[PDB]
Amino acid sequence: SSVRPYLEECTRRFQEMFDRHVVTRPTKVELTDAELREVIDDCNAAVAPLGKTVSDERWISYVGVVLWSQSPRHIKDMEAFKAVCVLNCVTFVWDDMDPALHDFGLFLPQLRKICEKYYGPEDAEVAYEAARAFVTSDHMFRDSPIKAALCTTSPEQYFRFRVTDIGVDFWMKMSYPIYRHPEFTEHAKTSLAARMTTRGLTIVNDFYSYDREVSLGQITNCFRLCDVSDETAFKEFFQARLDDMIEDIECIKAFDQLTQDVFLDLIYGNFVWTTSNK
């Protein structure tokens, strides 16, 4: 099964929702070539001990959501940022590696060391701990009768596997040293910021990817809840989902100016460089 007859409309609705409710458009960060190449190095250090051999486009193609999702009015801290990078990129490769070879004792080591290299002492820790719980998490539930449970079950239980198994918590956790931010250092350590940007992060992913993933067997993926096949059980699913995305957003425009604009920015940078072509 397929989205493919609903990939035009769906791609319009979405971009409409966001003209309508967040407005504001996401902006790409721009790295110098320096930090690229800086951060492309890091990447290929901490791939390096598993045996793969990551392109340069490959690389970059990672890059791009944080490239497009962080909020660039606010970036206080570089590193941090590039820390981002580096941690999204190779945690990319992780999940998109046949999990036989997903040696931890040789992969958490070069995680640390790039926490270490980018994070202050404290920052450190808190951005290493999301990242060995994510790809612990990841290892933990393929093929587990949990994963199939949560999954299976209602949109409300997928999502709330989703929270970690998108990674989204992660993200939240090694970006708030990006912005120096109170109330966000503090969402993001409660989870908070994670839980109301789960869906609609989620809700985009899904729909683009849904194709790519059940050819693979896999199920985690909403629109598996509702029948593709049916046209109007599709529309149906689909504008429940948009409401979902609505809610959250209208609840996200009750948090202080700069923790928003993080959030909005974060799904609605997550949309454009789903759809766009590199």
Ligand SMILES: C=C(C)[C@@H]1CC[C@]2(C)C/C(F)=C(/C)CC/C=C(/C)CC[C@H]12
Contents of the next structure:
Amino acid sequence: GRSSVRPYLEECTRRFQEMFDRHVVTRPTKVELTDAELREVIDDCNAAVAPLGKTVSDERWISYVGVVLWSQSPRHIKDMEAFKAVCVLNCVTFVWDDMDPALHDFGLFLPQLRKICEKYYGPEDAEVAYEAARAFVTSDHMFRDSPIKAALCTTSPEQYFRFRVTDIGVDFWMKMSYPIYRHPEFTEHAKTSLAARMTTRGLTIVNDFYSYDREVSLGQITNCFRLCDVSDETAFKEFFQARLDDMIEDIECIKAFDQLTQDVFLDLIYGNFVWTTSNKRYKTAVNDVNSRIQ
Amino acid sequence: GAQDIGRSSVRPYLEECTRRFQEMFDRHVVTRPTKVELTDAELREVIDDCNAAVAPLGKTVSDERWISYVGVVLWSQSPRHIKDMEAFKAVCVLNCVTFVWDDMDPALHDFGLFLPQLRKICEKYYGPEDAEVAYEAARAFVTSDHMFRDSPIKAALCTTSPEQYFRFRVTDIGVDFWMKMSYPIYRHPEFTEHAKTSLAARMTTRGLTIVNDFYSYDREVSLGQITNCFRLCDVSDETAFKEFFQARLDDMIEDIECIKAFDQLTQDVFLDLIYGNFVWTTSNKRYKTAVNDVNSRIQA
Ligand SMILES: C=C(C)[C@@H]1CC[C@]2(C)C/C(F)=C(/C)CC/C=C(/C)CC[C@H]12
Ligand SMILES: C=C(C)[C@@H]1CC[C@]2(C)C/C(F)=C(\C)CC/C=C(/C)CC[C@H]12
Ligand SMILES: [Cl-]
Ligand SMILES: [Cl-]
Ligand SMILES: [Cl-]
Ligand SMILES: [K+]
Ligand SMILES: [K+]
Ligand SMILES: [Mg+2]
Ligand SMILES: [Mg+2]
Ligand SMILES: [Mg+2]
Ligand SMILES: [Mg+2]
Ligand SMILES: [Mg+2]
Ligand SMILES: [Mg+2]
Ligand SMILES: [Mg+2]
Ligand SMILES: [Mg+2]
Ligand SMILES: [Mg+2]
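Return one more block: the form deposited with 2-fluoro-3,7,18-dolabellatriene bound, after the form deposited without 2-fluoro-3,7,18-dolabellatriene shown previously.
Let's see the whole complex now, leading with the same chain.
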């Protein structure tokens, strides 16, 4: 009844895309990694999660990494070592997101994050990236079955998106991504988390729509469509339009930022959507790339 | 009289809004904030550090002005939970000297002179790790306050909706900075994590900002400052003002009721911050007249 948004899949996909075409216009661009670059990334990912004891397949890594390939801003890239770092860090904390909390070993995993950060970044940037990775994995862990999560995800969209600034990983993403661009304004917006606060709703509403069926099946409550009656087409449509309006208002305000920063913000939101709709992770509730790692 | 005088002041609403705020706190927070009493030695140690830090910028600040700045720390921390009084004094100093920065013409903003003083304060009162977090947060605040003077981003975030506006204020009202320099006071691991993710700041931004904005509106409008949520409604129209004000009270209440899901120590800290800021704001000459000897623009 409320267990699926499948009836709305085609209409909502078309409405998301129309919104992007009218308000962002320019398509996101996929970063093409060389084979050598992709192997270096996947090798670092496997090394980082090996102490945790679970095998991750190449195609699951590729499912995770696609968000970085599609949602950065390739024409503004300056530092491909920072880009590779974001690939690795994004992927290995994605595994953490998918893991049963019994597998979460901070003593084994935190040094791996530190190693990744020092390898690919300079001394100061490595500290910023590591703290943000540390804060993300700690947050994902401590909020599993937390009353705080229950209160923030069941009260209002406002409370929910406030939780997601950290929990969807976008604050972490900004703080590990600014070395890719070496653009002083973007670096400040990343470090104040204004960059994350501006892009949270656009990332989260899309992720939530397409991951609803999986999350509802697993008992995960971190999803804004749980705030509406999805079995009621009229109530769903009103809620979905309110969320579309949220995304538009953010995008229109993002266009007040400097031309480079606004490119990075918009490529992030629109790229996430392109990646989400072509990724098997977001298609069936349980499959070989989104199954709980138990 | 070409000016929109009718929209230039919330003075007609002063008594009724103050009473409504207080009723809200009494119904939803209940327990009073507690003022930290500093020794005369401690206070003088704080003020001498404050004067040392802003001396390179060229402007004298009176003890009365410092005391006007420092009261928010005295009233809005959580005395029952304090473990580290050196961290508390760091927050007194860091709060006060960045208040001066907030009040200064941007021509006085000298990062080369001022950033080393902030680093010196942090290195004096905190351990090495805590000092780096507090310095980064102070740096990011003073850089933000400077960057956004006359900025199109500020205009867009402050004139679109309450949601865009409060998103700006998570940094601009200084509360993220506040959390990241206050967690060493409490040495409470959950509070430290909520500080470092900025969830602490996000939970408390609206309660701090709505109160600050109401009582600093007249001064800010007279100085042409646009960072104030009541510029989003027509304060000259009583019906529209009261509808907007009720919407802001509802925002505060929703945050406070969600804050009550946090662990007991964290929620005490969050609620003392919001309610203490209200007690301080309503007792402080800074928030009583548009221009006076403690809130006037510090001019180049
Ligand atoms: C941050 C970005 C734009 C996107 C937004 C959706 C995301 C793919 C989903 C999710 F799985 C996260 C929370 C776990 C990993 C966190 C960061 C690194 C990645 C967070 C991901
Ligand atoms: C460095 C301090 C702490 C920063 C500096 C200027 C500030 C905007 C002043 C004002 F708005 C305060 C007294 C209300 C909220 C207090 C804290 C959370 C942060 C307050 C701010
Ligand atoms: Cl560096
Ligand atoms: Cl934030
Ligand atoms: Cl320390
Ligand atoms: K809306
Ligand atoms: K409201
Ligand atoms: Mg998650
Ligand atoms: Mg997940
Ligand atoms: Mg390095
Ligand atoms: Mg999801
Ligand atoms: Mg397969
Ligand atoms: Mg200010
Ligand atoms: Mg001010
Ligand atoms: Mg004000
Ligand atoms: Mg009028």
